[PDB]
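Engineer: Here the structure of chain A is known, so what remains is to put chains B, C, D, E, F and G with the ligand in place on it, guided by the hints.
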Amino acid sequence: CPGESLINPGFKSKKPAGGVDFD
Amino acid sequence: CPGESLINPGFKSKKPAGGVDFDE
Amino acid sequence: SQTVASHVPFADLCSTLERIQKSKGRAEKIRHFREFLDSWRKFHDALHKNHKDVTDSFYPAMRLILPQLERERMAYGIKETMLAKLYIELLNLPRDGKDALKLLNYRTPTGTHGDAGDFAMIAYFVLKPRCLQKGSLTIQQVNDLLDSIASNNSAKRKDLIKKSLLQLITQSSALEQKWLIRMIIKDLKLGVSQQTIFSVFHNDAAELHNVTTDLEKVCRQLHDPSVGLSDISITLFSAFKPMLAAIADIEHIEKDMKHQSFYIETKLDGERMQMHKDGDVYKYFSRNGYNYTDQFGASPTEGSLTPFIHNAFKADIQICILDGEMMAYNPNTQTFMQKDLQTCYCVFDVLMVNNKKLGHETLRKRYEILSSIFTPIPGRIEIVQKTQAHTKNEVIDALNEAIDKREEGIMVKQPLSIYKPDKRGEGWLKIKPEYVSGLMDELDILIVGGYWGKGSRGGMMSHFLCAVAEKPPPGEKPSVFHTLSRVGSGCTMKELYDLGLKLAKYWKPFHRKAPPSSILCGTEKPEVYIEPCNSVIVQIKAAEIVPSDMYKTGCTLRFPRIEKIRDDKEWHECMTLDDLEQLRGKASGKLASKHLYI
Amino acid sequence: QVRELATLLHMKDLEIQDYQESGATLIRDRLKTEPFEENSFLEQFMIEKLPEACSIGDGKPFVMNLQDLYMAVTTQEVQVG
Amino acid sequence: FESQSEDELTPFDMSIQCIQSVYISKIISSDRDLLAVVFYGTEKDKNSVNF
Amino acid sequence: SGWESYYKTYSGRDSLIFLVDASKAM
Amino acid sequence: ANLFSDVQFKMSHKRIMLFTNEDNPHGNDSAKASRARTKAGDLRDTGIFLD
Ligand SMILES: *OP(=O)(O)OC[C@H]1O[C@@H](n2cnc3c(N)ncnc32)[C@H](O)[C@@H]1O
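Chains as they are written, first to last, in this note's numbering: chain A, 1 to 23; chain B, 1001 to 1024; chain C, 2001 to 2598; chain D, 3001 to 3081; chain E, 4001 to 4051; chain F, 5001 to 5026; chain G, 6001 to 6051.
If you're looking for bench data, these hints aren't it; they were derived computationally from the structure. Just so you know, nobody snuck in bad clues.
Derived pair list, reagent style DSBU-like, types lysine-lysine, alpha-carbon separation capped at 35 angstroms:
{"hint": "1", "chain 1": "D", "residue 1": "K3032", "chain 2": "C", "residue 2": "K2454"}
{"hint": "2", "chain 1": "G", "residue 1": "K6014", "chain 2": "C", "residue 2": "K2128"}
{"hint": "3", "chain 1": "C", "residue 1": "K2541", "chain 2": "C", "residue 2": "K2586"}
Computed beta-carbon distance windows for the label pairs:
{"hint": "4", "chain 1": "D", "residue 1": "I3027", "chain 2": "C", "residue 2": "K2128", "range": "11 to 21 angstroms"}
{"hint": "5", "chain 1": "E", "residue 1": "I4016", "chain 2": "A", "residue 2": "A17", "range": "22 to 32 angstroms"}
{"hint": "6", "chain 1": "F", "residue 1": "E5004", "chain 2": "D", "residue 2": "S3022", "range": "28 to 38 angstroms"}
Even for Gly, the Cβ is constructed at its ideal location relative to N, Cα and C.
Just chain A, same shape as in the assembly:
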């Protein structure tokens, strides 16, 4: 239930692409 996409039910809300984040 938590994290489910509000636009497409049944699919988890994909995290936005972060590219490369150097530590």
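Structural biologist: Relative to chain A, chains B, C, D, E, F and G with the ligand alone:
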């Protein structure tokens, strides 16, 4: 109604017959 | 073109109906109806001042007050079950929710929610929180919506009728919708007799309605209270109430006939109809005035009877009215079949020929005219055979012959009797084996199921499903049953309540998926089933046995009626299946196979 | 305590209102209770029953009905300091 | 149609933007879904029930 | 003036039933 | 609900979104609030998810 007989509803409860009761 | 109905909100009529219903004495109901009618008449008088040929009348509200008498509108096609389904679909209520089950299973009192037999009350309770408090639909709009619904049902348009019902629901209050439901079911339960309503409307409203069989004509012609109709009699192309017959006394016939010769004729099992012929135009009307011309045809070019019976009429008969019975004549056996085969019309009365009225004429003249109006042809049109008799012995012999011929009784008529529409016994009597005591063979059988009642008998068992027992092996009791028929009448209210209490604790719900082993059903499944070891033996005075595909035994009883819930006999003394077969084969159907000796 | 009882009574009044809105009627009618109002109840009490309640008299009511609370308050005070 | 602060989109504008974003997301991701827009509280009415 | 103006809005016999308890205390 | 019924396909999710900035739409009249609550409950049983 006050005084109504418990035996015959709708009729006043007749008081007992006393007779002659000489006063003081 | 202005109509009073358009200016009358439906709320006023609903409030008047509710006030009439809640009243216990007929005086208050009459007062309320008179006040409403006076208000309507005052509005009518105030509205039309300089307009001629005013076609407005009380019909828009008169039809709603008595939906059962509506004839202009076609059959609605929606009843308690269909109406409940439509309400569930439109309101978007859950299919398996409490409200949906209560609406569908309105007869079941397990919900113990107010009334348990009145569908209208349950619908009102369900709709109280879903509808507004004040409506906005007038009588004219409601009538238009009802006519649209009727046409939609006749026009095979489910979407349009659904839309009309949705509009009615969305534009009415709880009380208004309850009254609409009651009108649709055609059962208002006002408590005031139809004759009283007609008398209040007009002095001779009932007679005119019987003569014409149309509310619109009665409402229009009998509008003013003071201005009545000088004469009222059967008219062409106007259905009139048929003349019925009352129960016949078996040892007072002479006293009933005033000591004169009387006609006796075998009673026919068919459909009562009245035919009006006007030149090349035919109009067929049923017992209740419903138009059957479509089935029988309006012109010789179409129909099932007129195209073939037109040739039987004489050249000098341009205007005619006939009253008779329709039966199914089989030419292979050349005989009539009780309710290849072709429609056959047996005529027995003529209330009008040419330009004269036979209503007030004596029966002898009517019979002579009927014999001298057309030439009968067997199989299509014929004349009932009447036999003269003046002693009880002849009546007994005729009844014996009818029983021996597997007929359905005889009818006795007085020569001087006149035709009076809607009269239950004025010279016409019917003698059947049912009325005579002891002629019929009583059928004692067990009770295996029951159904919940409707209306007054809401929270109790109103009708029951009975079964006969099989033949068990010697020294063993019967544990297998086959359903025979259903019995709903014949038991008094006190006796019905006593029977229900006697088996109230032993009642068990019936599940279709898991039918009981002891009781095996066919197509009809009782709502509640009771095991056979604890049950009463009900006695039924069945009229005849007919082939039924809805029961395991394959046969059912015509006109079943309970006579007594016998207590002396136990549950194991019911009839056997072999006994049922023997009884069926004793006389090939009809149970009446015993003569009358006195 | 009076405040707690008043709020509990208000909650029960809300429950009664919800029950009435549900579309139900009481089996009887004597059990019907008019809505509770703190201001009206307090005014009626002060006007009617205050003279009797305020009558301490010889102190018997104080030792008859106000001792458990007195003991609890004294215990709380001594525990605090 | 009233904004507490200045230069801030009104609630109606925000709702319209969100509806448009959802429409675009549905078109790109799954165009077979069904979307509807209904306004209440207005003066004009357009319903199958004529509410 | 519209529809609002034209439309507005001993005998017998007494019977007694004696109910007597059958409890032990009686 | 009528709009949902009008659909003829098979719906795996029936959802409603309410864009409003009023927390007390029906305060003057209590009957309207009761009717709204009943309708919302009926929609919930029918299988409609409201946000
Ligand atoms: O049982 P019931 O009162 O319905 O029976 C009377 C009806 O049956 C019609 N009927 C049947 N047979 C005849 C004959 N031979 N003559 C006249 N009428 C007959 C009655 O008309 C009535 O509808």
